[PDB]
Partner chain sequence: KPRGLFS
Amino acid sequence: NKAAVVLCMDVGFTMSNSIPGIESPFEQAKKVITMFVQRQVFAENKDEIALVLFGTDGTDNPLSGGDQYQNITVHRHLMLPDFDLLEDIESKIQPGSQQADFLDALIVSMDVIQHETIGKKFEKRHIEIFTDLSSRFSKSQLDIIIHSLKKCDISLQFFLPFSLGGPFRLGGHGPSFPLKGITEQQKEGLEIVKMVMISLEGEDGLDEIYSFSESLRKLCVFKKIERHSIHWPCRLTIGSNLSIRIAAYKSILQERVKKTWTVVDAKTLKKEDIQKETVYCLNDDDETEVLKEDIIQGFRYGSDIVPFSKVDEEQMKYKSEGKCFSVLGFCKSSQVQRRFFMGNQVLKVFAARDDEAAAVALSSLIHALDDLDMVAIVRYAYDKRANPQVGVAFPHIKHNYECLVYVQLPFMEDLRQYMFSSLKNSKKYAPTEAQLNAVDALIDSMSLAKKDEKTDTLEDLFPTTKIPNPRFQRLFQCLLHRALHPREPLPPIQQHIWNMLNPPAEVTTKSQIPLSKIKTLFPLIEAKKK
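Form deposited without its partner chain: give me this chain's structure on its own.
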């Protein structure tokens, strides 16, 4: 169904303290909240969003009785997000001049979750706190806070101006605030949130504490909100006497814009005014209109045109048995190169839910395939109407689960045998020693990974697979700008998008000299003829 999310944002006086050259924590938190609400609104999710601000000049919460929980305001209650919330976030919300306990704000958010969810059903209750932890706070309510979070099944996430684990660029890769450059109050707040997140879920609590710049280039805000995919039940058959009940999920599937652009009149802005239609005419000269009743579909077989009615086509089309996941045979993993992978999806195949025997059988098959370094060539058909496919199911073993990964393999008609001239045995295009040395230096300098910690672990300096698609955020920004400012032109791409789409500045700085050497060693002239 849906989930209830409460956003607890710090608007205190210290949140506006802007170090020169770096955006203030208030602005970064506003950007993160704006991105979250934009995705929730323009994807038309049914999730419920509430906004709680602590540190405001005023006080508006259902706990103020007794001069308690002061300077905490519930800006928006649990309801479907709309453009009013986005407009309020962008302009209406202003930083305050007071200071509020972030634990008291967490209590207020928990109360909002507990009270406003009565009646409605929510699979997940999530609270996200945006703060800098640079304010005095009390620890008397900690134990009951943890108890209420655990017993009410409420998730938690924390966003801070500084990361937990040169020039600073918002949304960049690698720069972070100096951990020794934070105040003692910030250190105490960090210790307290660390202990809270240890209590809530364990060692992953550190993994669930993010920074504004880091979160701007990740989907961590929606991590506790994403709905799981639907399994595809089938049986993995090896022959006719061996069958294993399996469930398949789409691990990789390209995301597309669900909403579609509707063509409307430029004056009335109505779809019904415009109407399109197709009229058929003879392709030769003196074109005459051809009525629908004179139209019969056909097919091209070489130079011959073959009439073929739809009923006949469905009668004598290829018919498959139906659902199937059948092993054709096992081949060495070296014979299946990844350059032949086809299709537009990747399936991870698990055993059937709550099936110990199926789990044992699939684990046996996976471990046998892994030990012998073999893969399974399988025939895959989604249903009775889908075209059968041939693919490879190779083992994928992790510390928490095991599965088979299915990627479709090509047919004979899908291959194209082009002839390309060799580059090694070319006397005209053979680079000299100096050119090879220059390219070696460039490759060394422009490296995107390092062997840090001396533990033989490769650190990725540019993990692009964790970066969200910039098109969605850009489209959401443009749509929001058009909705709020109809008369203004579209805004330029946000700077943090470019920062997250570019390699770290250290790589660019290192690549200066080798690139100049390459330019002076490789002559490149554009052609003017042909």
Second form
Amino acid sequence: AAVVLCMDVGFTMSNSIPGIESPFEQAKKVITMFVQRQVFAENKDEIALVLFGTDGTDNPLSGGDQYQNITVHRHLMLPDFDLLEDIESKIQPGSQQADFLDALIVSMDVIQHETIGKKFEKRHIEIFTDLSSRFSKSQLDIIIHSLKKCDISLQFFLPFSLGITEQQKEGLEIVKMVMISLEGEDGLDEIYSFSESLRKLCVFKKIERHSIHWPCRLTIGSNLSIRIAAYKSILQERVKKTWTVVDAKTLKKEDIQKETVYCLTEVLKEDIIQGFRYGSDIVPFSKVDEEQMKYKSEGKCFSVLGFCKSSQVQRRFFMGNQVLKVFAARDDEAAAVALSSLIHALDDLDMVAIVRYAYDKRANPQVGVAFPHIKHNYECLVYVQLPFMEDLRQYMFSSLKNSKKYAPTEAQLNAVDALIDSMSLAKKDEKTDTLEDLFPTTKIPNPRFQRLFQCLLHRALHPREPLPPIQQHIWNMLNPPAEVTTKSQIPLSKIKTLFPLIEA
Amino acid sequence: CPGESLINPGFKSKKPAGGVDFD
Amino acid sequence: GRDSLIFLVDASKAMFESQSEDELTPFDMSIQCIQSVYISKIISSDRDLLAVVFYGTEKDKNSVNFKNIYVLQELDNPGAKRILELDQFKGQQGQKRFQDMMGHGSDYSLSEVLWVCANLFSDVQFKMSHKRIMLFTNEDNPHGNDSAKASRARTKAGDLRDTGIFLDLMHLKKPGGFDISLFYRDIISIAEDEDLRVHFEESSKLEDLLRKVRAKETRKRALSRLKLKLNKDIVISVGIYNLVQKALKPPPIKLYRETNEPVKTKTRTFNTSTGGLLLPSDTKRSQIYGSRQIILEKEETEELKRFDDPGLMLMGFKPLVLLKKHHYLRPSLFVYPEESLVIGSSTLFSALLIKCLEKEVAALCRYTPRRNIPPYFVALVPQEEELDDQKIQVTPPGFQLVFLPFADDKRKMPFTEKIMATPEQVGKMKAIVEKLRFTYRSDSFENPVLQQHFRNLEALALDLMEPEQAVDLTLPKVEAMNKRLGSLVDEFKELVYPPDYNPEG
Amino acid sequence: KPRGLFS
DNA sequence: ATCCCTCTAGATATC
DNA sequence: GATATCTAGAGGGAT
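Let's see the other form, the form solved in complex with its partner chain, since the form deposited without its partner chain is already up.
Next comes the full complex, and the chain you just saw is listed first.
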């Protein structure tokens, strides 16, 4: 995808109400936060920057008085910290006025001439302006035809949401007409304000990985086989890149070496033998002898051992570090019908399937549960690993219900009941038990990656400063909404005076 | 006290395995 | 504390004999039971202490110098050498070896034998949680011959009882029954099973003794001791436990070539330019983004993981219906109050548990297991205590700590079109599902890799001819399933699969 | 529907 | 000081 | 080139 940012640096954006930040500053902030997301989310996208309204003129097209006061500050290339430095420092407001239609002409010229030799699935042009520059509409027809031919999308970012001068009102008329002529009536939803754009770009792009296609066959016995496809659905995501150890005086990873040594006091690597502990004794156990005596299994098995009631498989026994979603084989109507029958049969009987799962011939076989998961767009089985006999810890804890010492009174129970009502994180709506979540905790990006990217970005731009504190907006999304905290001020006070807590 | 391991006191004796037994 | 067990095997006058001629003698049956305990103890708890003492022989090997009692092994951790030593007497070809190095034909006093066992316990340097003695005998006559020493035996037995010794009994084969309570019923712990029958069948609790146990059997310990904070000033102390933990193969040990001794290993980092050595403070961590190299110190790398102090912070209460079963991230933990840190935590913990169960809500909290780790969002699902028909607890009361996933933890799924199945097809599959119903228990399957690994270690340590092959219980019973289903599969395939489909390709 | 600057 | 358990990094196949 | 697994090193608490 190729993105071209067309920003206005005209004189009209320099001055505004002193009670609010200048639109030039807001556009600069929006563009900077967009580049930060692209840099730390390596996706091979190309970004080009075009400025109109500056004193200098630098365009492939010059002609006469037209196509002037516009500069192609940055060509079409991968984003980098050089762009961030140039945006922060080099870019300064101008003093001239330029037609944003003419700037749109140059943006097409940049995106058309510099796209040769490369394949782009999408093409976008972003316009940052306040529509306060006098201009003449005399070419609109050829632009609309050009965009429909080149298949390039547009977005507009105005300092006001969709007390303005008629020039802005008149300028709004053309941009409304353009969006209608390009992408219909819902094109009205593709015009944004600097405030809401700032809100949507306050966080870094979430780490995304593509689950691989894992084909297998769901076997029930020997004469029944269903072709299935499994993908990893939920897992503990890790960082894409790890830290690299480099020398402190040259900053090179090739100038250091990591090695292991064995002492009894010096032993060579070829004079050691693998061994195992058997009680108080040590027995030699050769690695080559191990693989001869290792458990051997035929890999890639998805076999149903049997079906049991859903209530017999408690959620607290789930093990493993992944959740698999099992779909039918791609482009297979016969397999889709067969798998659908199994899913609906399990759901109607409220049963689950106990299956044996092995990733491949090098994988340890597993025993898990496959329960139906039916939605209005798709249906599939969900596989979660189940524990073995050796993985269960049989601990015993003293009971609390029949304890005289720790029996709460009726007054203490009432105080706790009041707290739970006040600290509710969900609300019923429409009188139809429609529970909406006031704190989903599932749409929240992981704060670990947000903090890490903030420190990396700060160090790169300012290599001689300490790490900044955690961003305020990070804390806000890690805390419940303010109305929840306010409502619990009184019930929490009652608990503090009713439950005597003493630290020994 | 019934429900204990004669080998390891403090742990209840574990029922032996046998996997799937159809009804 | 460490478990301690002492086996006391008799060889007085007739434990090398059988009423039949094709079954095991009492002596080697007891030896087989002892060997099974060593193998079970090695796998389960290698830290326990075990010993074998023989009484009624002609010789004596003990630190007390009392005749007719032989201590083959003192209290120590079990090992492969001890099992091999006991193998010298297993069955035939070892009875004469036992009757040559040792021998029957000497009178014994049971009072003195308990004294030797008591002295063995006192010699232990470690702390013993349980001190047990297992009697292996099938003959109760001599105590009736001399009541004077019989009175001393029960007098000594009472002394051992108040000391903390829990003496047990394991009767062996004897014609005419074991005539219990003629002299016994006052030496043993007599906890239960006071059956007046002479027990013509002479194996009461040797069946489970021979049942080998292959599991880690870890004792109870708290994973962490955190503080549950309702707000900044209301703090209670709770303990975190893991009721499920993935059992792993024991790590291999590096051994020297000929002398076969463990070797300590350490990792050193050196610069290849000079061949010297580099301290951990002489290197920096680096990453590459864009076209720039970012350099950070080791301390700064750790300091960017610090968000909150360890503990649980209450965010709010969420209805249980808002927790998705398919939103599983990692194994759940168990939360139980701890009164040894904050006095009064149990009272507040129980009140929260009671109301949460009544209103069917889950306490959503921010979880920081320890210092310098980014927090997760967890839900404390209430969990009521479950009791079986034997009044034995099976589900402890407390809170179930369920990890919730972030936006980064969810993967996008490929687009597929829904294909609804006709009711006829669903009906046929319902019959198939009903045919293969079975009752599921959490302890119904064993890890095939771990079970096979334990057999391999046992075979090599005991130089057996060939390792025992473990039966894989996770393998589907295709023969049984095919018989149960019958013609259902053929009808279902005809209803769904058109007569040109090839599921194998 | 996120596209353009937001994707 | 030893053991247990989560985390990080390293080695090896299919996609 | 990333994806996914099992194996083999560092590191924080519980007792």
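Numbering follows the first chain given and starts at 1. For clarity, a rigid core is taken as the largest C-alpha set superposing within 1.5 Å between two forms.
Superposing the rigid core between the two forms leaves a single residue from 313, 191, 371, 354 with a C-alpha shift of at least 2 Å: 191.
Smaller rigid part rotated by 18 degrees relative to the larger one between the two forms (C-alpha superpositions, whole degrees). Comparing between the two forms on a rigid core frame, one finds that residue 85 has its C-alpha moved by 3.3 Å.
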